[PDB]
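Coming up is one lone chain in structure tokens, specifically the form deposited in one PDB entry.
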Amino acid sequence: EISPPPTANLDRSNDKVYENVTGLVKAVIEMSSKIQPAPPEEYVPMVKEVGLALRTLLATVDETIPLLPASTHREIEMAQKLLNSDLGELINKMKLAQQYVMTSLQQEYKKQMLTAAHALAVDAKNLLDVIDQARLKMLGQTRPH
């Protein structure tokens, strides 16, 4: 089943064979994890990644809000509160999907978790447009008349 790591006694820094074996193995792993439905064990790590990506976006949007017209703030802040909403729901649906594994509700909680996820990405794209309109507005202001 199992074998030792590849020999440490070869350079690897210009080893195209090593690199191509790596590429092909990854291409197989990527293919297989697409084809197959991930087990609910795997949900948590997947969600932590999404959550990390959110906090980065939010912390960045925090630092951008000082620049933008005061009249744009409430709307940006709402767009953020909405992403947090999507995260709440994502997390709750995840927990429900895990709890109801091997019930008649497995597929439904799964679907609903994905709906929460898809919503989080639509609303991210929406936060971008909100911030962008804010910025163009500020450029209008900054530009003399």
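Just so we're on the same page, rigid core means the largest C-alpha set that superposes within 1.5 Å between forms. Residue numbers count along the first chain shown, from 1. Residues that one form lacks are left out of the comparison. First, how it differs from the form deposited in another entry.
Treating the change between the two forms as two rigid bodies, the C-alpha atoms of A121 and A79 are both best fitted by the same body's superposition.
Comparing the two forms between the two forms, the rotation angle of the smaller rigid part against the larger comes to 180°. When the two forms are fitted on their rigid core, the residues between the two forms that move as runs of three or more, each C-alpha shifted by 2 Å or more, fall in 14-36, 102-104, 143-145.
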Second form
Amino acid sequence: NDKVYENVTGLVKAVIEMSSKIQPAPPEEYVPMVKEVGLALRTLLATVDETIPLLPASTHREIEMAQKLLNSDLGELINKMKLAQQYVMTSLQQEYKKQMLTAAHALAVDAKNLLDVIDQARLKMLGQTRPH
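Starting from the form deposited in one PDB entry shown above, please give the structure in the form deposited in another entry.
Shown below: the chain alone.
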């Protein structure tokens, strides 16, 4: 029932689709795939921003560093995609596509880590309630 959980799943599902599709694909197919991953990231980041005011102050910094890491993971993917599109129909085609896949996989791992960090913050938050 949890929007952070749903947003992470969507982002991972987008990365898994691109991953399963990128090898036999021209730019016209893989630009939209990167764009779907991007928007799912943007969605997750907005959800997390809206969640932070609920979580303990001591957890804020580590969540925020996990957010910045995903943002820099998306920049890396975009970089490698632009490079894969430049060396289209060459012998650096596959190389750059393999680096896209690596960057996407990193993005998925980092989304899962961010879920882990928020999940522990939520457990910590149960520990600091108040009687009435």
